[PDB]
Amino acid sequence: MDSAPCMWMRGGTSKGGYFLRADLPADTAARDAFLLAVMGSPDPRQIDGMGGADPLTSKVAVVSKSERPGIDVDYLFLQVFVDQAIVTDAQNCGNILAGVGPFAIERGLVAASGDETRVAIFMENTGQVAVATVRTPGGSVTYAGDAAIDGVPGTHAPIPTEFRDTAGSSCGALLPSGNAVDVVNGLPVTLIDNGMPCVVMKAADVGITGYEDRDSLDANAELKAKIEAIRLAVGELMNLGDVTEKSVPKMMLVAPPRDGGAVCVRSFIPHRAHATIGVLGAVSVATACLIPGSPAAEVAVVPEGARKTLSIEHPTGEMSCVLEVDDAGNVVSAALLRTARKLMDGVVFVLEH
Amino acid sequence: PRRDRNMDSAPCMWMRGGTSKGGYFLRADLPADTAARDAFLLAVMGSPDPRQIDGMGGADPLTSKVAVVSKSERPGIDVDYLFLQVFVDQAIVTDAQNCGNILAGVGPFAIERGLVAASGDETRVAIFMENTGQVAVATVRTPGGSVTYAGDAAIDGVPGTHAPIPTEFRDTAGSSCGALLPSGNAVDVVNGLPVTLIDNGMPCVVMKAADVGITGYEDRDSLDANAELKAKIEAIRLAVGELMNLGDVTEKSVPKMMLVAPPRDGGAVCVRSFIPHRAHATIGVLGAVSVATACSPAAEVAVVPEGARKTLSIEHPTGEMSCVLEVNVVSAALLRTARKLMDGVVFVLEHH
Ligand SMILES: [Ca+2]
Ligand SMILES: [Ca+2]
Ligand SMILES: [Cl-]
Ligand SMILES: [Cl-]
Ligand SMILES: [Cl-]
Ligand SMILES: [Cl-]
Ligand SMILES: [Cl-]
Ligand SMILES: [Cl-]
Ligand SMILES: [Cl-]
Ligand SMILES: [Cl-]
Ligand SMILES: [Cl-]
Ligand code: NA
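In order, the protein sequence lines correspond to chains A and B.
Here the working numbering is used: the first residue of the first sequence is 1, the next is one more, and so on.
Here the working numbering is used: the first residue of the second sequence is 1, the next is one more, and so on.
Careful: at least some of the hints might be erroneous.
What the hints assert, rightly or not - Calculated cross-link-like contacts (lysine to any residue; reagent style SDA-like; alpha-carbon spacing at most 20 Å):
1) A:226 / A:245
2) B:340 / A:351
3) B:230 / B:216
4) A:65 / A:83
5) B:340 / A:5
6) B:340 / A:2
7) B:340 / A:291
8) B:208 / B:226
Unchecked claim - Stretches of chain A that chain B covers, calculated by requiring three or more beta carbons in the stretch to come under 8 Å of a beta carbon on chain B:
9) 4–15
10) 119–130
11) 339–350
Rather than coming from a laboratory, the hints here were simulated on the basis of the structure.
Where is the CB? At the ideal position from N, CA and C, for every residue including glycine.
Okay, chain A solo, but in the shape it has when bound:
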């Protein structure tokens, strides 16, 4: 295989290549070798491929028509490492997911349903489902509009994304330790998985305010060591095995809001300070805000009602999460805004094997 049809899209704040599953090799070794060559990996500059020399622009979506009930398309996310000959499918990316809906409609995997088309997506990495609402004026996708997200210039068509079946998707339960709060290394934390395994703790409990600049936190070795020691100590409690070399759980340091939101966060993913917050991590953090007695509930401003908009402040702005909660208190769905844009469509080429 020396080529494959491919669409290059921006999905959220990430970028990568979108493939039909039938257009990629069935053998995972042959597939990974093809995608590495497509990106130009391994190479810190990715000069001989389509990767942008950054993990956020070295990503792949594998999309196929789904035989699952109620699901339109299956979606496999793959991170193509920039400077290593490694392609991984552990954990799912909620930004590349934003392009899956429009891509499936454009490719004919899902018929457009009027001027606005809802696409039910099965996320194969963690077995959860997202429903993306795509603008399809006159029966064809558009990527233009008045919606904006932090980290992307200008405005685009909105892609509301509703997540369900998120609780314990990676850890097997919403609270894998069975506790709303666990004391780890002398500090109270919440171990929670509502779409993305997270450790939620007060920024003040680890010696910062939680409003520091991303670059200042990224260079705070003492803080990173304290957080990492906690992350290693809860890997088994969260049913994640040995998390030494894993990118999970994400470390979420929370603080009361300062820009009008519900809560403020600084996220380490697990080592680098995030410029915003992960889309699935936002669902976990927002859900943690609703658990009484937890560090997030202590600092969050939670509105009343069955439908709560939880604006999560992060270094470059805020990401709002709409939580639908039953009369008992359980989060039945979470909806967040993303956008996408088809950038180039055609065929990617690699040198033959």
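Go by the hints and put chain B with the ligands onto chain A.
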């Protein structure tokens, strides 16, 4: 039918050209008005945006470049080639300089698009470089009449091997300046140290690295942090701009500052190039032609090859670049490679 009514588009081939990357267009496929063309190309790349997240640029000037190619009507020329730099974090598209790396993709692009017919197993493509008025001849491997990008050729800064693209340069004397020696005399002296103002494809100031207080072997960070050195050579550049017929070069990127030193790794010359303020990782393709041509001040340190076809290996930080000169300088040939990465249609949000 079933197209985005709020976007525009054009056919485009994304290629690696040498150590650069960008989009290759047919001239007829872009808007004819400069302003409309520039807005389109900025949107193609996702500029302005330091991350270029909403476009095809790679958040680096070297991966935010454009080639505009068309069938030429100049005598002896196959295609005309306009190089355009799409700025990453500014709403700027410029044609002021000539990239000899994006040039490597032009030949194969022209053949794949049918601008030039394949003449057997190797195809010679005469390329008029409209930015500077120079002519380059690229020899493209076309086995069975089809362009190939696979082969045993290697260049520093690119992993693996690819099909060789030998690129011979003609009409390089005074590409940006009046003639080969813009000042009029060969070895002039500015601020006390002897230099050589020479333009044989890229306007340069050639001078001995010892005459400026360094050895010529330091690393990129150690030279770019050297405020003493950069200030000394910048004052040399700011005092030769009008003398090299370049106007006021305070805001320009030309001429390139070339600090020469004897070779260490077995090459011909070691050079440190400031382009004009950043320490160049390797060396510019056209800059290497000007430096190889400079070899009395450059002859101080040069182990010049012997025969009539000299392979001058110019040692730069990340390795070496070899410039074949035939002798009076007859031709200047350098090795490049290219690869077609993606082919299809690029899309932009409509301007309004
Ligand atoms: Ca329109
Ligand atoms: Ca249009
Ligand atoms: Cl498929
Ligand atoms: Cl990486
Ligand atoms: Cl995500
Ligand atoms: Cl910040
Ligand atoms: Cl990390
Ligand atoms: Cl044309
Ligand atoms: Cl730039
Ligand atoms: Cl060049
Ligand atoms: Cl510079
Ligand atoms: Na279409």
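Against the structure, the hints:
1. For the given pair, residue 226 of chain A sits about 17 Å from residue 245 of chain A by alpha-carbon distance, which is consistent with the 20 Å threshold.
2. At roughly 10 Å between alpha-carbon atoms, residue 340 of chain B and residue 351 of chain A fall within 20 Å of each other, so this suggested pair holds.
3. Restraint check for residue 230 of chain B and residue 216 of chain B: the C-alpha separation of about 13 Å stays at or below 20 Å, so the hint holds.
4. Distance check on the hinted pair: residue 65 of chain A and residue 83 of chain A sit about 32 Å apart at the alpha-carbon level, beyond 20 Å; violated.
5. Our distance criterion of 20 Å between C-alpha atoms is met by residue 340 of chain B and residue 5 of chain A, whose separation comes to about 14 Å.
6. Between residue 340 of chain B and residue 2 of chain A, the direct Cα distance comes to roughly 12 Å. Compliance with the 20 Å bound is thereby established for this hinted pair.
7. Straight-line distance between C-alpha atoms of residue 340 of chain B and residue 291 of chain A comes to about 53 Å, which puts the hinted pair past the 20 Å bound.
8. For the proposed pair residue 208 of chain B and residue 226 of chain B, the alpha carbon gap of about 17 Å is at most 20 Å, so the pair holds.
9. As drawn, the segment 4–15 of chain A meets chain B at 6 residues by the rule of a beta-carbon pair under 8 Å; at three or more, the given contact holds.
10. Coverage of the segment 119–130 of chain A by chain B is violated [criterion: at least 3 residues with CB-CB distance below 8 Å; count 0].
11. With a cut-off of 8 Å between beta carbons, the segment 339–350 of chain A has 9 residues touching chain B; three or more are needed, and the interface restraint holds.
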